[PDB]
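Only one protein chain is missing; all other protein chains are in place.
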């Protein structure tokens, strides 16, 4: 449940579907800490 | 296009401890676009 | 060679090819993640 | 060599480093349906 | 049974563990993609 780097990016692609996304705090909450699926969708477009 | 090793890594990811079965998910998620909702339907 | 988490999942995929496989949690976690199992046990998780 | 879906996404991440990137639903035209090169791919990065 | 392209490489990654491995396309490509090879044939491309 730690999402960073290439793996964070794989996760975004997955949960964002058609919505798309931007990638460069999502890192604090989901890479440094464990976020949920719901927390993750909130970074799509 | 969610294909190969990445599809399986995705299943692990959305299913956690619940687990999953892997075989048509290839048709549904690799050859066509499936959603998280559709992917969740391969967990146990 | 303790296959746990994503690595366990990456492994089954390889040895089962088209056969597919099942992943759930005396238990594959016990046999392959907490301990080292061989392919024999892993093929035993295909269908 | 034909980069689509999750792999296209793996590629963008790779060539963009710190710059980051944007991914939408054309890069699909250029790099997924046909084989594209480096810079053609980078302009969908930042 | 037939390992080609990235899969051969994922397989190498898997079976070589700490040894690491070298991938160079008479060839792991001939031996494991065009024909079915075993682990030792596969292991001899680890380091």
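Think of it as A, B, C, D and E in the order they're written, each chain with its own count starting at 1.
Heads up, the rule we're going with is that contacts are C-beta pairs under 8 Å (C-beta built on N, C-alpha and C of every residue); 3 or more make two chains touch, one makes a residue touch a chain.
Participant: Hey, which of E:6, E:35, E:38 or E:41 is the one touching the hidden chain?
Facilitator: Going through E:6, E:35, E:38 or E:41 one by one, E:6 is the residue touching the chain not shown.
Participant: At which residues does chain E meet the chain that is not included here?
Facilitator: 5-6, 9-10, 12-13, 20-25, 47
Participant: In the complete complex, the non-displayed chain touches which residues of chain D?
Facilitator: Touch set of chain D with respect to the missing chain: 10-11, 13-15, 17-18.
Participant: Considering the whole complex rather than only what is displayed, give the residues of chain A touching the chain that is not shown.
Facilitator: 4-8, 31
Everything that follows uses one rule, which is that only the chains that are shown with their structure count from here on.
Participant: Among the remaining chains, which ones contact both chain C and chain D?
Facilitator: Output, common partners of chain C and chain D: B.
Participant: When you take the mean of every protein CA atom shown, which chain's own CA mean is nearest to it?
Facilitator: B
Participant: Given the two chain pairs B-C and A-B, which is bridged by the higher number of C-beta pairs in contact?
Facilitator: Here the pair linked by more C-beta pairs in contact is B-C.
Participant: In chain B, which residues are in touch with two or more of the other chains?
Facilitator: 2, 5-6, 9-10 - these are the residues of chain B that touch more than one other chain.
Participant: How is the touch graph of the chains shaped: line, ring, star, complete or other?
Facilitator: Graph shape here is other: it fits none of the named patterns.
Participant: Which pairs of chains touch each other in this structure?
Facilitator: Per the contact definition above, the touching pairs are A-B, A-D, B-C, B-D, B-E, C-E.
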